[PDB]
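Take a look at this one chain, the form solved without this ligand, written out in structure tokens.
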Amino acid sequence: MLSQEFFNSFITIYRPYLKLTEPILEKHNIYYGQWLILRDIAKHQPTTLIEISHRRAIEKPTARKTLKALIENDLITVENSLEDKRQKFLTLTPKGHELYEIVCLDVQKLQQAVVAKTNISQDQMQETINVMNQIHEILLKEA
């Protein structure tokens, strides 16, 4: 039908997009995996973990196995206490939003050079974010 040429036209771009975003994270010895939490963390901090499981929302296993690397690494920061520790202001670390800048900026340099080669007036760009944002409503009122 139609709908099919539709969802997979936008899905068959995920790994064709990271596959080239691999070098910029190779410039930084980092997992895209982490970055996401770090882009999830940079945007939402003081945010803590009870909320993290909420937005990207994937099982505990992967979630903390990645806050495994972030914590020792001069990366993400937690609060200090006796207090159970999901809720210890899981803020970001100093260097961390300095690691934020270059990844986020170099990734931006690529996407931009890609939009560059497209006759996509921002008019068709926004004509899209509300479709793509219109689909998060369900994967958001679905799981």
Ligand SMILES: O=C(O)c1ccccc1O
Second form
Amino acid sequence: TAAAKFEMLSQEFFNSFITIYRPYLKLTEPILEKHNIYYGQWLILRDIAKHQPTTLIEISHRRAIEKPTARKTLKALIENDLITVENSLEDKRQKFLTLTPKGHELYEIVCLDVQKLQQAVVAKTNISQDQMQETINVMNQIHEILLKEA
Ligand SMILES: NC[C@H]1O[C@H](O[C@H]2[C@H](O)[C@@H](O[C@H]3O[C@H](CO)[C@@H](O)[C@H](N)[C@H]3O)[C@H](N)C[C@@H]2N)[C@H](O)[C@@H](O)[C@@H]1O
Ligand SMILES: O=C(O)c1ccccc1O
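What about the form deposited with this ligand bound, after the form solved without this ligand?
Every chain and every other molecule in the complex is listed next, the one we just looked at coming first.
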């Protein structure tokens, strides 16, 4: 349920990359399942790690989600002692978030596995380090038009 829980040339172009996303989650899912953590949770955990100290506000915006799912997910991450909250007396949404030592352990373990899984998939294809630096360039152009719009 880890991947499950997270529930014309141009047509063939957007399809090559927009249809790889779920197989992908289904493949990298066990990595997460092994740390008793879900995708949504994990995506949040990673966001806190790349930008801590951060706050729900900041996280919602960056991640591009709704405070309700962001907040409900943050609570579990907390509930599971993977991130901390600077104890003040402001509103939860404004407080600071940081990974707990536990969370760093987990995070770093997951990171290392994904990288390994990913390096493996490439080593099973004819793709070159050129094709990968060149894919990224096509890709980023698109990712830009999508964000510089939304
Ligand atoms: N808001 C929607 C989000 O959709 C994606 O979901 C991403 C998670 O990061 C991955 O999580 C872990 O598995 C991946 C497999 O390698 C790794 O790439 C990643 N570093 C690991 O953390 C997850 N499995 C799929 C995908 N990567 C983007 O990432 C994120 O930016 C974007 O905003
Ligand atoms: O329950 C919390 O401690 C909490 C903290 C930050 C953001 C949302 C929350 O529910």
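So that the term is clear: the rigid core is the largest set of C-alpha atoms that superpose within 1.5 Å between two forms. Numbering follows the first chain given and starts at 1.
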| property | result |
| --- | --- |
| Threshold 2 Å Cα movement between the two forms at residue 12, rigid core reference | no |
| Core-aligned CA shift between the two forms for residue 103 (Å) | 0.7 |
| C-alpha positional change at residue 85 between the two forms - rigid core reference, Å | 2.3 |
| Per-residue CA shift, residue 119 (Å; core superposed between the two forms) | 1.6 |
